[PDB]
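*Asks:* Chain A is already provided as a structure; the job is to place chain C with the ligands on it using the hints.
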Amino acid sequence: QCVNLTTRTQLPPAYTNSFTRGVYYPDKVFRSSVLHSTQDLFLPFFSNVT
Amino acid sequence: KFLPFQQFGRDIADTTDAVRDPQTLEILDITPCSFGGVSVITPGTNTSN
Ligand SMILES: *[C@@H]1O[C@H](CO)[C@@H](O)[C@H](O)[C@H]1NC(C)=O
Ligand SMILES: *[C@@H]1O[C@H](CO)[C@@H](O)[C@H](O)[C@H]1NC(C)=O
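Keeping their order, the protein sequence lines are chains A and C.
14 is the number of the first residue of the first sequence in the deposited numbering; add one for each residue after it.
558 is the number of the first residue of the second sequence in the deposited numbering; add one for each residue after it.
Quick caveat, the hints were computed from the structure, so don't treat them as lab data.
Don't be surprised by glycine CBs; every beta carbon is placed ideally from N, CA and C.
Treat the hints with caution; some may be incorrect.
As the list claims (entries may be wrong) - Facing chain C, according to a computed beta carbon distance under 7 Å, are these residues of chain A, among others:
id : residue
1  : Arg21
2  : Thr22
3  : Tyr37
4  : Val42
5  : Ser46
Chain A with its partners taken away, still in its complex shape:
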């Protein structure tokens, strides 16, 4: 069972930049104007995403 799906024109890859996307909420604790340090996984401040 083989399906022939070939592409004659392939679009070249591009680079997408992002500033402030990818910072979630691991904890459900509210913080009414307090400064706290986090240690989790995040997307960088400046980078290129596929």
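*Replies:* Showing chain C with the ligands alone in chain A's frame:
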């Protein structure tokens, strides 16, 4: 209340204007207890008791 997934109010270090996590949630104020020390004023045992 402000937003659903976070409701525990606290502003500086210890005020913690909430309780823990009620089903009705929402936050009003803080007044568990607050009282201080005491000192004694004396004029002198050989002067008065
Ligand atoms: C019971 O839960 C409901 C939420 O639907 C709300 O009225 C309150 O948080 C609780 N207490 C009473 C008396 O309803
Ligand atoms: C207290 O006062 C009296 C009179 O002023 C004095 O004789 C005495 O030495 C003082 N001290 C004591 C411990 O009584």
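*Asks:* With reference to the structure, classify each hint as holding or not holding.
*Replies:* Cross-check of the supplied hints:
Here the hint on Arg21 (chain A) is broken, as its CB sits about 48 Å from the closest CB of chain C, past 7 Å. Nearest Cβ of chain C to the Cβ of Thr22 (chain A): about 45 Å, over the 7 Å cut. The hint is violated. Taken as an interface hint, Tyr37 (chain A) does not check out: its beta carbon lies about 11 Å from the nearest beta carbon of chain C, beyond 7 Å. This hint holds: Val42 (chain A) has a C-beta 5 Å from the nearest C-beta of chain C, less than the 7 Å allowed.
Restraint check, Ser46 (chain A) versus chain C: the minimum CB separation of about 6 Å is within 7 Å; hint holds.
Checked against the numbered hints above, the structure breaks hints 1, 2, 3 and satisfies the rest.
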